[PDB]
Amino acid sequence: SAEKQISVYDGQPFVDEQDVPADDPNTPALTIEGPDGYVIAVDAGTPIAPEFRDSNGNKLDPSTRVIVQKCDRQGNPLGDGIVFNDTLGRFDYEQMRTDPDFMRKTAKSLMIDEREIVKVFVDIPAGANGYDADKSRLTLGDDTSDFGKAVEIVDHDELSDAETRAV
Amino acid sequence: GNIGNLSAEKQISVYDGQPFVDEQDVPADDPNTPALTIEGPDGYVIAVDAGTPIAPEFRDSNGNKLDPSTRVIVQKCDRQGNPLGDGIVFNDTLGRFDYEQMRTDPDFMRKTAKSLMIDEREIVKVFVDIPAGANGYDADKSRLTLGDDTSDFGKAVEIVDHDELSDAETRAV
Amino acid sequence: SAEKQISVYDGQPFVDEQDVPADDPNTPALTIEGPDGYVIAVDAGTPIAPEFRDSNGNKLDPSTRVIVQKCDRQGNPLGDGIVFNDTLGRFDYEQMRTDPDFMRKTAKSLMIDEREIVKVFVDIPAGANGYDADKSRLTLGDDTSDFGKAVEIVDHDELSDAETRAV
Amino acid sequence: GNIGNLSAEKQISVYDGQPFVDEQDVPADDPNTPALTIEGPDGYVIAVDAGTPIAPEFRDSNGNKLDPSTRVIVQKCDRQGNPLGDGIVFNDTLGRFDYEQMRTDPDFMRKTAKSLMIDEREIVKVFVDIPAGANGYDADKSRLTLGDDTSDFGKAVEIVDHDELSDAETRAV
Amino acid sequence: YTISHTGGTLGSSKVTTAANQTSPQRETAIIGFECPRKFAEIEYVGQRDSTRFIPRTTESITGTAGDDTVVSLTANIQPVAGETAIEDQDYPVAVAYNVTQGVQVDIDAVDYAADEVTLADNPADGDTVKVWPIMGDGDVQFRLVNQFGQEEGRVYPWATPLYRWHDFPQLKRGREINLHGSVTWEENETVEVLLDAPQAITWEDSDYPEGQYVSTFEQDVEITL
Amino acid sequence: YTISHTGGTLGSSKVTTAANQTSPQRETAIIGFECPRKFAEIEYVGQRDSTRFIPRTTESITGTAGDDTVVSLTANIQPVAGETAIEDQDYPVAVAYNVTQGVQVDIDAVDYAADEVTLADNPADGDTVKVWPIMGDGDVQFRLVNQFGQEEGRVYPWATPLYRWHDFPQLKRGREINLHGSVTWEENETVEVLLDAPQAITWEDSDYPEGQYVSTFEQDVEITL
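Protein chains in written order, with PDB author numbering: chain l, 8 to 174; chain e, 2 to 174; chain g, 8 to 174; chain a, 2 to 174; chain L, 8 to 232; chain M, 8 to 232.
Calculated from the structure, these hints are not laboratory results. Mixed in with the good hints there might be a few duds.
Stated by the list, open to error - Here are the simulated distance ranges between beta carbons: (1) e/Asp162 to L/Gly181: 28 to 34 Å; (2) e/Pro20 to a/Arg97: 32 to 38 Å; (3) g/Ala29 to M/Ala207: 18 to 24 Å; (4) M/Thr76 to L/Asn27: 26 to 32 Å; (5) L/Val78 to a/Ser62: 56 to 62 Å.
Claimed, not checked - Simulated crosslink set (DSSO-like; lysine-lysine; CA at most 27 Å straight-line): (6) L/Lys179 to e/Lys156; (7) e/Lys126 to e/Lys156; (8) e/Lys11 to L/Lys21; (9) L/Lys45 to g/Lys66.
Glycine included, C-beta positions come from ideal geometry on N, C-alpha and C.
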């Protein structure tokens, strides 16, 4: 089938990183864009591996809030359509992307067209040493386990495309 | 004093030590160089059905694990050494793995996605995408264990000699 | 009901210990005799915890051979009817009674009546230091895990025991 | 790499150095010593048709050939170490034989006069009639060969595992 | 009418053979399981009956000032069960004995990639120590021999790499070392285990402290009566 | 379609291997007949095809005053074709070379049963002599190996006594040597001549006078193209 099962990470040419200050949530840390010719699908129960660290390579504050959220085709978020709102303190970085028993997963499904946008926001208190994605990164979805899940990608097929266009 | 006959299906595992695969040391930041290189055994067929584990014990010369940022890729090629794009089975990182127990406990095991099949000259290759900061690759102090031939968990890899209708259908790629 | 699900250990007055020399396997290490009024039933797939050690509290040689073997009412072994034969070294005294993944079970069921005997035979090399069942002990079976298996004990009920005496 | 499946009927030769026969030294004046004792190999069955050659290369402890007027006999026995009388296969002088060529020339070669079968426990023995003036026997300097299996000449000896009706009929002894 | 027993280093008879190999690399017989008259016939089943193999070899060293470390031991070492530190293992990767003092030695630490180790007690100059480390590389398999002494053949000619027996936690169910194929014995017939690898495995070191047999073979099997 | 060639010492290709045995009584590889790419497959058929084997070893001795005799050479010597005397042999039971003079030497007399020889010329007290006698006891057969270093099965598991090849005058048709069993090679695979015996066999003795090879293995076989 034309359905490709993959994962996602920062170094791919459809996902932009951005360094952040220490007390701004509205800024886009990570910004995905539609790849201009394919369509993505995520289902619920999908894992995340946001190995976030500082300019010295130390971990950020556990009280930090992480949010993943869909936006429109403008880059403007939606309020509704969140998949994640939780903290770094719940992730044992040494084994978050290894043990499913510590894999923290999504709630909802999601669907991205050729232009739609996903963004990741981070709420930090004042004192911490920000966010440097040159050392930090993200990983999303798991291709390798019967446990967990992966991400579906396709080119355009008529029935499914016209159905997915009916958000 | 009999042994009991066998199917042609030999259920085994795959590793660097076998005399039909080649290892090679790797510089810093070339994905394109082949670390591993299977060749066809010149007469037998190998079959890796879906859901097949890997245990890529890659380390540096100094015994340390590589950076988890590195991505490992397995890929089929033609009878000349050139990949096909399709037929890929695995593309992931070492951060997923637990070298302490990756080949032990099924919870931590990392299996393929697609089926795969090999004729008398077919080839599979391993590709390793790395940043610059890595300490290269030491193949002597590293290895791989593909599949399991011992456990009540995991799966094996089938090997067979040429039988008539089996190969008649197996050459239908 | 009449069936009682329990375990078994050395410190019970239907069981006898006997400290052992070096490498005399033919001696009965342990002994279990019937209780003269009740009837015991073991099913295959039943753990053992043969916590055997020396006078100085240290573990024996791993290369020891252990047998549990039924005997007649006379005390002589039947040859057949063995339930278990393995090495001590297969076990892990720190956890051999704890994790089912480390538990080691029988290979056959077993039934004991008012006069039958079980014996424990122990073949040890020359160099080692005896076996003192004072500091060593044994526990057979468990009635606590959903995993594992207990042992059934009953008073004489007519029809089941009538079946049982067809041995 | 094929090998060729075979019958149960292995055609071979028989001699002293094999582990189903035992040698023994003898003095100069004994027709009763079992110089050679030849036992069933415990699970296989052996068949010796008539007309099978023998080469008893029998010197003394100095390596010399023996007295003319001597004789040799071979004879089956029971399962308890006692010849049967019948089943003897050979008896005449030494005066015919010529060790330098006797396993070589057909026209000098000599063979069995009658047939023989052997079960898993049957035995044969060999014995040596000599008068006074000989200097004993020496097994170790000497030897026996029975049958041939490499020439196109003479005959070999058949050995088999247990086929059902074959054993059923072979137990007619 | 059958039951389950174990064949092993000693097992059901004092006729089983144990010998060592050669250093020139060409395989040899390590163990011979001969069948006795006591039984009728013995059975092997790959993928059903468990098997266990703790190989362990011998090294020798002389001491001097500052000789706390032991060099590359010509031996590819692996952390057992993935675990590096000693006492967390299912069994020690390596053991040490001073013959001059005639006593066991505790080990401090290891480097696996350099294949070197670090003891706790500095030895003396002129002193002699022996070391019992695991065996590393090498290829194994079974073999059959009739009552005569002739090869009948192997079983499943795909020699398992030796270090797999060290990798898994053998004492845990589901991970135990099983193999492929089967074989049935007869009365005076003998199966053997054969090996080839650079280093010389050893049993029966009287000076060894932790047991009267350093290295062990065990295998669950089935028997008729 | 098929024809007949002969495998030999050199044989078809210069990849046939010749290696000696060990002194411990153990069946070891002697020679490896490997198949090349040039052919497709090769056949052997005992009871049809012919084979030849003249094995010859080496001993070495030193000079002294009054030496004509050399002792038992540690081999059960058999007269060839049931015949003893050298000049009427099909080929020498044994040959002698003095390295001082650098001269081949003839032989005057022999005691086979006592394994001893009596020579023509008295070497100097302080000389070096080498001798190449035929091989005595031992048992041999053929083994198969695939393109993996894996044994697959012996051939008609009844090894042949060595001395038969001295017993029969090999060059006579009908009296030539045929074995039992069969085999068919493949492209990269190999067959090996294997042997167990006391003594080590020799090849390539540069000092040897009657050629470049002291012993020989030859085998008429059928070829597939």
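Now the hints, each set against the structure:
Between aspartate 162 of chain e and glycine 181 of chain L, the C-beta spacing of about 31 Å keeps the proposed range 28 to 34 Å intact. Look at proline 20 of chain e against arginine 97 of chain a: about 60 Å separates their beta carbons, and that is not inside 32 to 38 Å. Look at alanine 29 of chain g against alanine 207 of chain M: about 46 Å separates their beta carbons, and that is not inside 18 to 24 Å. Look at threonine 76 of chain M against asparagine 27 of chain L: about 41 Å separates their beta carbons, and that is not inside 26 to 32 Å.
The hinted range of 56 to 62 Å is satisfied by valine 78 of chain L and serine 62 of chain a, whose Cβ atoms lie roughly 59 Å apart. Restraint check for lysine 179 of chain L and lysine 156 of chain e: satisfied, since their Cα atoms lie roughly 18 Å apart, inside the 27 Å limit. For the proposed pair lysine 126 of chain e and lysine 156 of chain e, the alpha carbon gap of about 21 Å is at most 27 Å, so the pair holds. The straight-line distance between the Cα atoms of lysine 11 of chain e and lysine 21 of chain L is roughly 35 Å, outside the 27 Å bound, and the hint therefore fails.
For a cut-off of 27 Å, the pair hint linking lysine 45 of chain L to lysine 66 of chain g is broken: about 32 Å separates their Cα positions.
Consistency note: the structure conflicts with the earlier hints numbered 2, 3, 4, 8, 9.
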